[PDB]
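The other protein chains are all here in position, but one chain of the complex has been omitted.
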Amino acid sequence: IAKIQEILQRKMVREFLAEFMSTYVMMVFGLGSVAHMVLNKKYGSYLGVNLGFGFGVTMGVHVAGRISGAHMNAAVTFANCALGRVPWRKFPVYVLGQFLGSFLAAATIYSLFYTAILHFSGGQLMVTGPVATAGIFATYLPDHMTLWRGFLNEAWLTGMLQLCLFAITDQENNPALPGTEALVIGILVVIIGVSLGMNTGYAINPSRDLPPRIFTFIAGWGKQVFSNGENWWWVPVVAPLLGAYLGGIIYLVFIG
Amino acid sequence: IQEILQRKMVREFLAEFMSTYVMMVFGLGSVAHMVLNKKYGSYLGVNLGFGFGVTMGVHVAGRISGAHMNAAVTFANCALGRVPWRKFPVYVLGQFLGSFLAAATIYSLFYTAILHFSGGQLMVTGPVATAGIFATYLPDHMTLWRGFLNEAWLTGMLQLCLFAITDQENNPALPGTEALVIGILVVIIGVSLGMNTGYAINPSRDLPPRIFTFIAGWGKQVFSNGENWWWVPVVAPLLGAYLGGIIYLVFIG
Amino acid sequence: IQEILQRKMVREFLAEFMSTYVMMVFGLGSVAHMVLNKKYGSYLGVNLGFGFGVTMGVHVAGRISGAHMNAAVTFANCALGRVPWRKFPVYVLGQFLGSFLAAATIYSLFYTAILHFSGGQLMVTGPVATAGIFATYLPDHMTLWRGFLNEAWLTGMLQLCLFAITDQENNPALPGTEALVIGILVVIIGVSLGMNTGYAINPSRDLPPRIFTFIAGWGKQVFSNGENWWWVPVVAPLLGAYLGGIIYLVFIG
Amino acid sequence: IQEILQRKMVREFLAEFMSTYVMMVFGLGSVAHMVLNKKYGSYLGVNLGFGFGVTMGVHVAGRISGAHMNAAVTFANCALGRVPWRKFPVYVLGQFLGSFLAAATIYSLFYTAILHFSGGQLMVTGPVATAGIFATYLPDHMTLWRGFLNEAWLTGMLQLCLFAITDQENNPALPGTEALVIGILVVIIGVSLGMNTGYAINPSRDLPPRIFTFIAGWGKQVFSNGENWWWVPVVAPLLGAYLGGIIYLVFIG
Amino acid sequence: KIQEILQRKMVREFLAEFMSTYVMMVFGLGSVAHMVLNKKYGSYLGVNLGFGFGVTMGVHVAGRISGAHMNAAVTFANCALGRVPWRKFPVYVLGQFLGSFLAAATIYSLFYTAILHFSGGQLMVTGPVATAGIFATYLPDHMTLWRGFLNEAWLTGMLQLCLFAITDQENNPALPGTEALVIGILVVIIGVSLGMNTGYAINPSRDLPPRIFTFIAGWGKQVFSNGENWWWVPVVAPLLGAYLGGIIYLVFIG
Amino acid sequence: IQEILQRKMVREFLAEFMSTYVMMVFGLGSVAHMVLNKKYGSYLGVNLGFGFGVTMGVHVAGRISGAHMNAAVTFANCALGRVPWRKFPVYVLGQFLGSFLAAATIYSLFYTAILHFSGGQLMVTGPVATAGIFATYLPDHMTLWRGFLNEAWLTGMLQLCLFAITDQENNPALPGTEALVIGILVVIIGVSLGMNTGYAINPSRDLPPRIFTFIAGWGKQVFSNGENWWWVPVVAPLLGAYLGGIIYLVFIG
Amino acid sequence: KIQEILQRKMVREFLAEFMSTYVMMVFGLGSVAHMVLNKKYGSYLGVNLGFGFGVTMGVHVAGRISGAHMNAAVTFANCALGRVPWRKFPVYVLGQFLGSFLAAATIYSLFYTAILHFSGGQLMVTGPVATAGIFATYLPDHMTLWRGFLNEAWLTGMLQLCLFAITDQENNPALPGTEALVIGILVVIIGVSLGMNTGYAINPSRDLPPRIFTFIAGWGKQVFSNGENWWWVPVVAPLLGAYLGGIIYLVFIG
Partner (left out) sequence: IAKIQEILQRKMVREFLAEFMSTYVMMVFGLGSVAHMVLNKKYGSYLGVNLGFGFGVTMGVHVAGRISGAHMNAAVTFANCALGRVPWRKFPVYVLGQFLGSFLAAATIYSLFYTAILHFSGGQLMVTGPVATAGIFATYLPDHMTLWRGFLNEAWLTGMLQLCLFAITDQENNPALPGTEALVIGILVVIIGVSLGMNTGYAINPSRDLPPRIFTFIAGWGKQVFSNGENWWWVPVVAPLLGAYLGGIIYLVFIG
């Protein structure tokens, strides 16, 4: 029976699906690189992680560049809505799509690397220790760092990201050539990972951090995912919003 | 001679042959560098070689025939109405011949290092195995159906992103810079999802080199190794590519 | 205060400040990654960080002021009659302020890691020296005049290639894609000729971080280490940049 | 001198000289970084240095003379009717001068490091050999004719891909972005097929540095190591480039 | 007063066997734990040295009171060949088992925090962070059950033949007062040259009581059901090996 | 002053001083080798140095005073009635003076190596800590009341085996060969049970070197590190040695 | 009865030589296999210790009945210098050869699974996974044949000189009952100091019978035609070396 295409032809359904697909592709590539690094030694490195995340963002921008802007980031959506560039009524649709895409990407990565995870871990799913595999999906605070240092790191990283994102795609200034923005955005993400990544895991995206943590909690890693490192789970959800807003307002006041 | 060489079908066959040969030579050379030597090889080098060989192939034969260089991509394009069905045999034959000759060339250029490394013994399995240079073999901890799932999913992602990059109505790459983006896509497919199966997401990349290793003196264990794994990289990518293409067409397109 | 912010000189000052801040933050972050951690850092990472920080700075402020981000490049442009001499102080002051604040930011973000690595003692030289994150110091086998030669030659190469990339009469990079090429140029300058002096081919990259380390508790040995090396990165790049520019203008132009 | 400076032949000679110098400085610097140091050197760095040095040279002199930077490429172009035979000696002479001066510059910059690494003794073969920074020497297991085959095939692949990139009738790279694609081509040539012979696929990159090392105190063993290996990099690339060019012209063109 | 009980002969022999086995097992298990847990503070040669020269101290402690067997297989071989009465087998074996159990408990007590830090809280028999192998011996990846049986039997036979040879007065013996060094060197080289196939648990007292302790102390019942029920081979093979080695030496050389 | 040297008490004092000096010099030399140098140092070297230094001390002063070289051993022997209580102060004083002078000797002999390794800074804790050559400090995961138990048990084992080796009624070592067996006992004590606390089971081995480090410039952090660890390896060995001796006397003796 | 023939002097001398050679070769080949196959359980010092201190156990087994030569070169040197009658040479050599052959067989049977796992199922004499060097000695890459001849001769000469020195009653000898440890230490330091050039096969019995076993067991005839027919140097060089070393000691120090 036809006529279901009427629903799939609305103006908000298309943007919801675009956000879903772009976030799914980006997260699959990024989490795959992270799993490569964690599990194997001859098939993984940090530069591989950076390349995977950055040039997954590139492919996401290609997938959903024109339909919805390819935010792929809840902090970016909040910053754009709060500066008047996007109406406030599009926030829930984008956030829901990004969260569903990230959750399903985590499930995909879990299914693809199952045997390797079991062989590496010894059969026990641990959040901490020498055989911890909960770091593949979410980000946990390092040994020497404290909570507020991580808050500062997340805020500053997201501010830098938003400043450069505004600078690249501004047509009244010196922008990237139309049709070549995806490469430059991927390079920006790669070098954010390269330069400022060891302190917190640079989970500068709430969608990159929370839905995978919920998946790891459900799939059998325990309740220690939320209470590890003095309840670290809420820093990557709050710090990026403030960072992105401050970076955007700085660029608009000074350079724009 | 020039009269026959001017046929359009002959031109398309030659274009597919040359592009596939270039891509396979670069990829197999990188894999041989990694396996044989230690200070001259890395996994990142393998990814780079197999990724930008695709860019060079696209530059070689991107206009004459579209530069598929992949049986799964050709099957997906034909099954979705983009290419006539009558062009499947010629494209697949050209790709297979190019891959076979590239495998022979890599065997000829690296012969001394292969013999020096292996001790003179051509072994499919063991600490000095050299048959994995040309084809892909299942790792220690993997089963057959896990490998099937990996191959299908990786090919689906490749086809979805290929449709996204070269779509003129949607947000495409700038005409004249698409080869770079396709190469980067293949590079990150290798970087992110390649340890489980060797990402043999190409039937043309996997079968003809295996037949060459059977002929050249690696024995008949190339086919019976890993619970008869030889047929998975020939069947899974077709299904994966078809599903990825249909998903992109229905949802985004 | 909107009227003052709309002035031309204020806009140029702010543009140079922001671009230099971005470039220095990325570069110093990569250097700190390399120095402190073992599995998260490499020389290639340092090269990539500095080069693509230059790229992002060019995108930020490449049209308001030219995105020099370099005192040697500004001096070379002014002395060859391309920029008025009256705009040298404003650009230099903006670059110095940006570099100082970038050093402060890198100090604040990596504080715990620095203390954990060193053990609480801030040492200019030794096996746990951390003063090399911010400025460049003479290696063990080098002398002072060899370092002078290295600095001058590297800055000359940089200036010649920079003139070549943006020359409209000659073969230039496609407008809108120049930032990538400049980033790649800086990346390969780091890769090819970087181990002899740390390629502090920018006076603004070298002096303000050194002043910050002097202020912040690394002591007065920052200026007196290596037989008063602090002035070579400030003097050699100006001569190198001028010679490279005049060579390009006479020969290729 | 103006009257003896704006002539077309002098301009083309200067363009070739500058481009060859620029590319060779970066390539030899990366090779020296790899040989002398362990933490600051890698094979990927060598590949990147050579490829993007080619990119910068193409930017410097890509419109004045075509930026051949290669004696084999010039020979292939002249033999196919694209470039007149009267511009062969000037291009080759400029390339040789540029390569010789680039080798001299690299010797001057890395002098202290070379003396520290070798212990003071300049030797061609052994565990502390340093003559391989400038030229290419046959590795342990290989023989002469396998190396001849390697050089010929590598140069053929290079010439075929160079023809494909810049062909306007076929699918070319977008004008303004060809330098990046040529650099990536050289990078993957190094990554995939570079350990068997050192991929000195250039008569201008291999011989002038060898003559410099002979003059500068490395002895006459540079010309008699590995059964007079010196002449193979001079002769094999010409044949390889010619065959690759005609193959592309007949089949794809 | 209980001085009458402590001045007997069987009580003295029981105490001597207990003390010698305790002294040997503490050193052996400490060396094994050093090897397994830390990297720069452990080596296979250190394991061999500890397990070999703990026997020297055991022989010094209980050499004259009871012969310092410290081994159930050696006791069985001596009783079967007519050198020890059959009524001394139970007391010797009981003392050796108690000493080995207490030595395992001591090594667990002294290395508690290091074990928890290495494993990461949990206690696993198998895996990359397994620590159950500090106390007992588990079969390697390649070996099968009967190959391990053959290894245990042959190693114990060699041990018994050399032990008979060293301490035989008619033949060429070691100088009295210097036999402990030679026996320690014998055990050291047995570990060095034949010790990787099974773990050279050629002593039932060295193998079973630590396994029982690990089962009780929270390692679970996988200690008994790992490697196709490997637990019974180190109890049955050494007896046959020791008897064969002794009879061969007596028939041929003696 | 030849008469004063003939008195029995002075003879015993000098014997204890000399034997302790020899033992401590060998032990601290081995420990410094392990810490400062990488290829010349190992844990087995430390064990050998301490054990066979004990052997050499026994040979030096085994007859004049019994060759205790250990305050816990002296306390256990006096308490059980084998040595009069009037000889405890002189033995302890000689041992302490010998240990202090051996620490001074090792400090003088390895001075340049210590300065080169530490960078010139004497640090109790950190990646370049050198205070652990002279005394023992609590490890990473250990606590105080686990180290107490470790020290007591190790000293108990030492004393029990020492009683067993030198008992004439039981099975002793052949007279004239006891030093070898005592040295091997100390070697295996180090090998088997030494990593939890540094097996400093001796007041004389631990306190005087720590006092020397405090005086010589390591500061007051030697006494207050690890929750005031300085007193555990002075009170635990006494209890351990007493218990081990009484257990041997009651059960085996 | 098989008890009257077994009591003849020339029969028990044969049995003593057979047993001592078997023990020594078992220990030595076990250590070599440990080094070759596994990386974390093997070292060069372990090889030295195993080979050196198997000699101690052999001496204790058969040091008084026959002299415990365990070496064809030592027997030849003793016979040629008049210390031993020439009629005992064949029986001693036969016993040593049988013992070495059976020790090679035992080492093959105990390490079978490990050998197959390491080599990949292919028995190879040359290559990165060559396992024929566990049993015999093969010429290194840069050495030539006559340099190996010189090395074998000189090492055997040093061994024989020091062996004469240790056991000379008129000179300064080792204390009786302690003469096995000193011989073991001599062999250990011969391995430690001069063993990397040729594998220090200073014993024809240590070299030829294991090579014959490897030829039979499936390593092929490349065991004999490797390194320009190197198999005969370790059989001929030690005899001359031992004779010269003994003569030097007798003339100068004796």
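As written, the chains take the letters A, B, C, D, E, F and G, and residue 1 is the first residue of each chain.
To be clear about the criterion, a residue touches a chain if its C-beta (ideal position, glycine included) is under 8 Å from a C-beta of that chain, and two chains touch if they have at least 3 such contacts.
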{"item": "From G:182, G:217, G:236 or G:247, residue that would touch the chain that is not displayed", "value": "G:182"}
{"item": "Touching residues (missing chain, whole complex) on subunit D", "value": "117-121, 123, 125-129"}
{"item": "Residue ranges of subunit G at the interface with the undisplayed chain", "value": "44-45, 142-144, 147, 150-151, 154, 158, 161-162, 165-166, 171-175, 178, 181-182, 185-186, 188-189, 192-197, 251-253"}
{"item": "Residues in subunit F touching the chain absent from view", "value": "5, 14-15, 18, 22, 25-27, 29-30, 33, 37, 39-40, 42, 44-45, 48-49, 52-53, 55-56, 58-64, 105, 108-113, 116, 174-177, 179-180, 183"}
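Here, only the chains that are shown with their structure count from here on.
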{"item": "Rounded Å distance, subunit C centre to subunit D centre (Cα mean)", "value": "30"}
{"item": "Subunit C: positions in contact with at least two other chains", "value": "44, 174-175, 177, 180"}
